[PDB]
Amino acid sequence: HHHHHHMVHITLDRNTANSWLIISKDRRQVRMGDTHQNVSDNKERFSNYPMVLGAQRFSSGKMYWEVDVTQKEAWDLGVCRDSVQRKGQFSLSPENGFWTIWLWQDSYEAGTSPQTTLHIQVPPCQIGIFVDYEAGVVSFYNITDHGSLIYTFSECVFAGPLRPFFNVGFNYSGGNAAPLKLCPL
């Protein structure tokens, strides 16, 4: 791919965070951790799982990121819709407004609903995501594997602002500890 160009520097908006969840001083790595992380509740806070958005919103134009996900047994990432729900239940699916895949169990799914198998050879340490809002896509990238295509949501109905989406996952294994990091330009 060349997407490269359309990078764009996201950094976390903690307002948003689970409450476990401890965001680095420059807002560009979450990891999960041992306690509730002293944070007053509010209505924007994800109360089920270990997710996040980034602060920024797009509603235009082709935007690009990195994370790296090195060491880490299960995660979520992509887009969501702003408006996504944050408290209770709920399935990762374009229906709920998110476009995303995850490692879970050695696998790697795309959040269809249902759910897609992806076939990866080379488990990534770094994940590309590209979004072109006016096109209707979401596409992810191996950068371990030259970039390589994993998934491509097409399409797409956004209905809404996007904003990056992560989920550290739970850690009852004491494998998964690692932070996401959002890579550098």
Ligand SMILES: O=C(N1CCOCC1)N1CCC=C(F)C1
The other form holds:
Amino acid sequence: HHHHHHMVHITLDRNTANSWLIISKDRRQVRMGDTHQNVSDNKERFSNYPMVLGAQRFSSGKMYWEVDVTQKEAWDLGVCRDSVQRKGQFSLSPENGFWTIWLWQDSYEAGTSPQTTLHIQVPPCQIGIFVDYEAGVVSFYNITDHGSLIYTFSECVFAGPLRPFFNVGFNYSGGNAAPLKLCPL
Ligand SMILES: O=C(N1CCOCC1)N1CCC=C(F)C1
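Same protein, different form: I have the form deposited without the named molecule, so give me the form deposited with the named molecule bound.
Below: every chain and molecule of the assembly, starting with the one above.
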């Protein structure tokens, strides 16, 4: 791909984080803590899952960023509406305002309803995310495999401002403690 020139500097919004998350001082890394992180509750925090939003809001144009997923067993990545549900149980789908992919139990899937099997020969260590607001496109790229396409959501109906979306996943296995990291430009 040739989307790298739309690179944007994403930072994580502490106020939206699940209360177990630990966000680095530079707001560029997030991981699952082993306990509640001693923060107050608020209506923005994702309550049921280890999720957090980027601070940036996008309503036009083309945007690109990269995320490091090295040695994780489970995670979700993509974008979502600013107005997504924060409390209780929900599925990741475009109907619920999410455009995402994930790793779970050794398979990669796109967050359609129902979910779509992805075909990845080279397990990625870094993921590129491209959003074209006007075109209604969200695309995912395998940076480990020379930028190869993973998945494109087209005919997207954003229906609001978009925020970068992250899920570090649970760590029931003891093998998923590693952080998500926003990679430098
Ligand atoms: O219930 C948990 N868990 C963490 C410990 O392991 C069990 C699952 N929480 C609270 C709700 C959302 C979270 F991210 C963390």
